[PDB]
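Q: Work out the full structure, taking the sequences as your base and the hints as a guide.
Each chain, letter by letter, is given below.
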Amino acid sequence: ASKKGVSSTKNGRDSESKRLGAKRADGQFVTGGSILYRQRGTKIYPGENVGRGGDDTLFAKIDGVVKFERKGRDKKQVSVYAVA
Amino acid sequence: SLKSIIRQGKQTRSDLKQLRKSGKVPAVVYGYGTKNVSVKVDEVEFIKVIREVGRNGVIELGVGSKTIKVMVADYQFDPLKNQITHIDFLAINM
Amino acid sequence: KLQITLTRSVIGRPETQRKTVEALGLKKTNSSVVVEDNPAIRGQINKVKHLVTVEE
Amino acid sequence: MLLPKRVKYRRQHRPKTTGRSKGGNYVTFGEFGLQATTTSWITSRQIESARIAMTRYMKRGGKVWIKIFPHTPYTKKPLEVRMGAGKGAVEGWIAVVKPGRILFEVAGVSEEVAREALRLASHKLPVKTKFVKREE
RNA sequence: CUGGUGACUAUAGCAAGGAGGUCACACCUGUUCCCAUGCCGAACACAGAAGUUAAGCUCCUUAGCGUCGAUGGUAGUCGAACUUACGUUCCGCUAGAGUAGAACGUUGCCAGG
RNA sequence: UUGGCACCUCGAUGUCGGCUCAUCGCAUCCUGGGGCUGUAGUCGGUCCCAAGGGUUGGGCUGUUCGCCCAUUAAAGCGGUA
RNA sequence: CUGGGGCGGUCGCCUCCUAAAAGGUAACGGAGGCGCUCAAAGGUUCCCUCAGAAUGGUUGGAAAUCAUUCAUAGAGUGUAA
RNA sequence: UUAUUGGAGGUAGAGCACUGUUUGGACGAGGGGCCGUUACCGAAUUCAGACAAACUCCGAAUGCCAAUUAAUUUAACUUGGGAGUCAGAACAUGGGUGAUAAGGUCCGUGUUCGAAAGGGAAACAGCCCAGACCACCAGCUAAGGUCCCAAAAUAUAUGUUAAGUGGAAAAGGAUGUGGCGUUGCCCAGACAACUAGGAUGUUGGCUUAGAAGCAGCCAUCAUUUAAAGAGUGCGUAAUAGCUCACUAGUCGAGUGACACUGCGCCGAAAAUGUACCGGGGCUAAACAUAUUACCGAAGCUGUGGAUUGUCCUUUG
Ligand SMILES: [K+]
Ligand SMILES: [Mg+2]
Ligand SMILES: [Mg+2]
Ligand SMILES: [Mg+2]
Ligand SMILES: [Mg+2]
Ligand SMILES: [Mg+2]
Ligand SMILES: [Mg+2]
Ligand SMILES: [Mg+2]
Ligand SMILES: [Mg+2]
Ligand SMILES: [Mg+2]
Ligand SMILES: [Mg+2]
Ligand SMILES: [Mg+2]
Ligand SMILES: [Mg+2]
Numbered sequence: 010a011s012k013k014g015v016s017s018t019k020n021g022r023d024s025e026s027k028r029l030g031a032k033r034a035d036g037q038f039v040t041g042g043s044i045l046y047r048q049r050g051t052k053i054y055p056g057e058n059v060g061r062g063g064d065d066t067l068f069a070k071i072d073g074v075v076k077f078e079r080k081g082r083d084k085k086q087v088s089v090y091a092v093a
Numbered sequence: 003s004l005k006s007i008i009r010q011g012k013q014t015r016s017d018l019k020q021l022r023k024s025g026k027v028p029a030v031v032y033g034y035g036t037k038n039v040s041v042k043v044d045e046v047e048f049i050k051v052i053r054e055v056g057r058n059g060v061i062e063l064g065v066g067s068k069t070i071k072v073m074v075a076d077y078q079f080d081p082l083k084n085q086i087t088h089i090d091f092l093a094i095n096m
Numbered sequence: 003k004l005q006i007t008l009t010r011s012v013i014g015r016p017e018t019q020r021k022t023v024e025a026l027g028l029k030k031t032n033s034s035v036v037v038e039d040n041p042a043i044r045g046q047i048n049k050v051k052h053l054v055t056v057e058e
Numbered sequence: 001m002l003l004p005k006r007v008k009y010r011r012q013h014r015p016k017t018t019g020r021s022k023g024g025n026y027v028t029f030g031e032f033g034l035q036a037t038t039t040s041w042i043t044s045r046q047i048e049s050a051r052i053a054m055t056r057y058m059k060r061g062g063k064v065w066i067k068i069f070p071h072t073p074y075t076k077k078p079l080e081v082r083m084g085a086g087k088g089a090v091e092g093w094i095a096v097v098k099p100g101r102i103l104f105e106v107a108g109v110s111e112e113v114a115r116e117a118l119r120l121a122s123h124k125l126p127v128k129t130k131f132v133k134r135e136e
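Top line first, the protein sequences correspond to chains Z, Y, 3 and P. Residues 10 to 93 (the entry's author numbering) are what the first sequence spells out, left to right. Residues 3 to 96 (the entry's author numbering) are what the second sequence spells out, left to right. Residues 3 to 58 (the entry's author numbering) are what the third sequence spells out, left to right. Residues 1 to 136 (the entry's author numbering) are what the fourth sequence spells out, left to right.
Treat the hints with care, as some may be off.
[Unchecked claim] Straight-line alpha carbon distances no greater than 30 Å define the calculated BS3-like cross-link-like pairs of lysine-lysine that follow:
no.: 1; chain 1: P; residue 1: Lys-98; chain 2: Z; residue 2: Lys-13
no.: 2; chain 1: P; residue 1: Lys-98; chain 2: Y; residue 2: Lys-19
no.: 3; chain 1: Y; residue 1: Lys-83; chain 2: Y; residue 2: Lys-19
[Said to hold, decoys possible] Facing chain Y, according to a computed beta carbon distance under 8 Å, are these residues of chain P, among others:
no.: 4; residue: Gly-84
no.: 5; residue: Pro-99
no.: 6; residue: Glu-135
These are calculated hints, taken from the structure and not from any lab test. The C-beta atom is built at its ideal place from N, Cα and C for all residues, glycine as well.
A: This is how it looks when you write it as structure tokens:
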């Protein structure tokens, strides 16, 4: 049976997905050090008691409740506040 | 240069569809001297009134007991059906 | 008080709807429960209303 | 033969064809228009055929506007090849048309001439159409 | 009322027109001193008080731009029923655009008036 | 037809052409009946109805095809592993 | 590996889209990068703000350097997105 | 699981503010052929209108993560003993690929099969209904049905269809038929038919061999009219000739156009045999909209029985 020659694709590559995004919910209690948000750049900024790691990961510095908040007109941040 | 309408309540999608099938046009009256009012008009009568008074003419809209002098602020149209689908009445100040 | 009866089967229905049928306390087809009316119950009913019959 | 002078991507996902016409549903340049009532891809070759038909009937008296443009390349595999081994090469260019879109408009002629010209045009197209005027 | 310093998604902005000065803020006068310019006392820094509201700055007017923005309707859509129709029907949710309209900021603390 | 797919069959579903024997479809090659014709006649062109019957011997080539010689009313096109 | 196998192509890592607004998600689906570089292109303190355009100006032109104005990011961010 | 509340995120839609794509105008910073002004105006600007998986000034429904959270429900997790599984399939839907091919292929979501018997779909794993512990010559229902095969309506009311459409298909074609609207003319006589006229400048001008209403271009005007086109078709080489438009008369009541819709018609040709309702048959026993019955499963209920749990509780 007749069979034609086929070409090749130069595509077929992709990197591993990095599981970015929110790691804890607004209103959730977290312990100090818990990662809050994985990101490239500052899509979300560190707020109160929140640090920004070398790769922009947002993390809690204290035990407390996570709160995602507006930051100005276009930006936002995430904060952690100690519970009473 | 007059036409009467009827107040509406809270209407489902089927309610609006049945209105348009019956041949009435939903509309909203708003502007000076009035609160927003949701109304039904009759499409044929509205077309006659618009032909008489022009696109920018003033219409005397019977809204319940009251009568309001309004202008057609805008309208939504269905060109596949050649059917006026919605109307906005702007009660103009005097 | 609401009398709720499972009038259609859960066979062939999504697992989420089956979970709601279970949470309402219904077991077999044509089984019934008597529950206190409130928004939570009404929400469960609304989720599975194509499967159940409600009597006040 | 219409086609973009260039595109960023030559190999594109084929467009969605369900739904209604997003825009261009009114005659806006001329007096009369040809309104689609069914859905189809419309090729540059079909556009050109319809344009020539209507303009030749109008005998250069009036003005014609093509309201749709074939932005989208579509590919096709080479003859008698098996599945796989990458996407095929660009075959042509199409405009997606859904009910309500005005395909062509005409001005500067009588309504009767416009009707006959747009009838001749519509017979070249893979969609059902209707003669439409400017609304007011 | 003025100033300093905060809070708030520009409803706070821009633009245009107009008013203001012993207090204060500036422009402004200088380069001895600390300090400074890849050159420049322009700037930064310092010393100072002859002149000016010209500009900044503050205040007032507005709706041209920017900002905000309904109601009503439409698109889309969860679920259900019917369906293979580039679908239909019912229910809930409900845009974007646009329209009316809002708006030439609102406020905390401190020191002076 | 050339393919695409890989669903039956790999503890076997024999594969081209010819011969023998056919059988069916009609989208009709001839014969039958019609319409139109840029159908004078004799001939033709094109389309419609029609499947009853009929639809050839040779040269070359494994060939099917195809070309050729000589006929015929005609030397139909396909399906049936 | 492979829409049978051979032949062709590919094999690890990064970015985007496909991906159905959490995350994840395939095909020999659509596009590109990497196997380094920097002794500062690192740390810290202080200071600063672009690209482009218009108008003037000598060698100097459409673009060199100088000046004013406008210019909200259209610049830059070593190297793909 | 639901309710309420908060939050992350950029899809559907939408839009054009960015990156690209693109259609018509307007105008042109500026120079050239041009004297100032009749290319290019490639620039820029500007008005309006469109396109996008890898565009976004915007932005859902859902889904997702949570809550000193309420209601209903019955799981959940840890550790250890034993596994099997690593060929999946259809259907529906969101997508890629392919050709908006495949009972194709590859991902997302759901159901069913696998591993599911029973009823429906003629027969038919994957569709629709529904999950068989056992027995009954009891009852109610589901999907689907109720003229006969074959259980139950030759049911009730109002319509549509004439095509066996129902019981296979498109662009397109058509005085099929029903409904709802708009609108022209008309007893100051409409539409059709019949009687008569249908003329003059003039064979309009050009072109052509010829072109005289009637090959093709330019016009498309005037006079008598009770009206008649520089002419609607046939005809001629061109004329001629016939005819229409238009008008008057006869007659006497309706007549034409358009838009949106329901149901039908043609387009429609394959091979063993009717053979594209399961059959007979059907003009309803088809279709649409309502209403009341009934049939219909291993679903549910009734009665008795088995086993294993739970709870009262010796008993049962
Ligand atoms: K067509
Ligand atoms: Mg397979
Ligand atoms: Mg065997
Ligand atoms: Mg035949
Ligand atoms: Mg025969
Ligand atoms: Mg294969
Ligand atoms: Mg995601
Ligand atoms: Mg979209
Ligand atoms: Mg699946
Ligand atoms: Mg098995
Ligand atoms: Mg019964
Ligand atoms: Mg019987
Ligand atoms: Mg049972």
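Q: Give a verdict on every hint.
A: Taking the hints in turn, this is what the structure says about them:
Distance hint between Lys-98 (chain P) and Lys-13 (chain Z) is unfulfilled; the C-alpha atoms sit about 38 Å from each other, more than 30 Å. Distance check on the hinted pair: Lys-98 (chain P) and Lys-19 (chain Y) sit about 22 Å apart at the alpha-carbon level, within 30 Å; holds. Restraint check for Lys-83 (chain Y) and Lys-19 (chain Y): the C-alpha separation of about 13 Å stays at or below 30 Å, so the hint holds. Checking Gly-84 (chain P) against chain Y by beta carbon gives a least distance of about 42 Å; that is not within 8 Å, so the hint is violated.
With 8 Å as the threshold, the beta carbon of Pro-99 (chain P) comes within range of chain Y, its nearest partner Cβ sitting at about 6 Å, so the hint holds. Because the closest C-beta pair between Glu-135 (chain P) and chain Y is about 7 Å apart, less than 8 Å, the hint holds.
Violation of the numbered hints given earlier is confined to hints 1, 4; the remaining hints are satisfied by the structure.
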